[PDB]
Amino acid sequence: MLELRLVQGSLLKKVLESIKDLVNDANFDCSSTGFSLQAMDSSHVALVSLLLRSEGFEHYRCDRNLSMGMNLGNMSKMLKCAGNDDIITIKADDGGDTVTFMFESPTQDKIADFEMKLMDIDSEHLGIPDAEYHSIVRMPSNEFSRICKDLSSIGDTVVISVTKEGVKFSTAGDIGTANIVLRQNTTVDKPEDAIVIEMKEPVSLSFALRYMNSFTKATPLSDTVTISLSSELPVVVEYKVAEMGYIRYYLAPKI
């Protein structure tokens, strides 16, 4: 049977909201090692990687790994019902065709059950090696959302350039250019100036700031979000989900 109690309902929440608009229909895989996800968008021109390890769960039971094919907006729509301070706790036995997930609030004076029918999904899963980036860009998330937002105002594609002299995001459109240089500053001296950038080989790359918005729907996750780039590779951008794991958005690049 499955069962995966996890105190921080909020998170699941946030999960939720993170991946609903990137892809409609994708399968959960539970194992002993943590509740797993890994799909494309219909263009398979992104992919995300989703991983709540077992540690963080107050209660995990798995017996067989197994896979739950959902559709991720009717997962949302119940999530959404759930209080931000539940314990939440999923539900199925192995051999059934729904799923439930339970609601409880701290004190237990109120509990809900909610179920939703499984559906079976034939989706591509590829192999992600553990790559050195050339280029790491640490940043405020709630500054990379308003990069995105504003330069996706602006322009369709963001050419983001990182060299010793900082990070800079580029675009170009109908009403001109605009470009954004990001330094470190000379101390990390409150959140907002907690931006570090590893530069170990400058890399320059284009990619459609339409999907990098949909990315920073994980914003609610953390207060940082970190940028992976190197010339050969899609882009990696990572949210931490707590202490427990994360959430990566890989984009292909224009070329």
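We call the rigid core whatever largest set of C-alpha positions still superposes within 1.5 Å between the two forms. Residue numbers count along the first chain shown, from 1. What changes on going to the form deposited in another entry:
- With the two forms fitted on their core, the C-alpha shifts between the two forms stay under 2 Å for all of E198, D29, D41, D193 except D193.
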The other form holds:
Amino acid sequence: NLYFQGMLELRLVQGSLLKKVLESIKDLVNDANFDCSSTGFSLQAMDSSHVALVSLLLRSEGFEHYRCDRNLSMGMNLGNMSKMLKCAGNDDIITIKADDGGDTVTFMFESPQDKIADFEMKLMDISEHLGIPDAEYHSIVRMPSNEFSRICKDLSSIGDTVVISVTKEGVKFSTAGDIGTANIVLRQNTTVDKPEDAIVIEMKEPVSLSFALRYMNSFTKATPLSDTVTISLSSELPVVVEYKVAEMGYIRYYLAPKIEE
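Other form of same protein, the form deposited in another entry, not the form deposited in one PDB entry:
The next block holds one chain only.
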């Protein structure tokens, strides 16, 4: 066949992964295209204020079955998709099915029980993607995702803006608000038996930038996907906050800084 209509069919044995992926992006991005390519099943979208960007990839080798006839895009209301995936059991096998310019997407949930559920959602017509540069960052911090999540929630109780600075002393998160000021300093620490417990700091040049904590706290919705989080900083770029998706991909969040007028 050559005049085939594009078609997508994905069978993911660990359905819980896809549920956690949607929970990681649905509050940041309302509607977006899921893109289909040889490499895998991906999404790139900004938040509605254009302050943050999410770039997501689920690689083809993580699916039990991976058909991506040509380069489909599925225009998806992420909240509606999330609502349908919330009906999958954490141990369900999940199958996504859609036609190139099709009007609906079908989700199949199969239990490993003789229970089979079919959910059918309307698609939307959605676009223009940004080019992400392959830059060299001035500093990279890797740390346990739960520790970063705790730090962001704690500081956000004190103020709205966090200064992240990397120096020879370590990584410092600072905030000031109506009730006082807070400074949290992590130094490099690899004195651990499990490397995902480490705090690793690689500084090529010192860097200090300011960011809205509200966005940082939405990023930490991806914590259940990844024992680890990597924060990449340079004074000329958004910060990058990267989570692993099991062993089959990633979610990267980019956040534009706050700067003096």
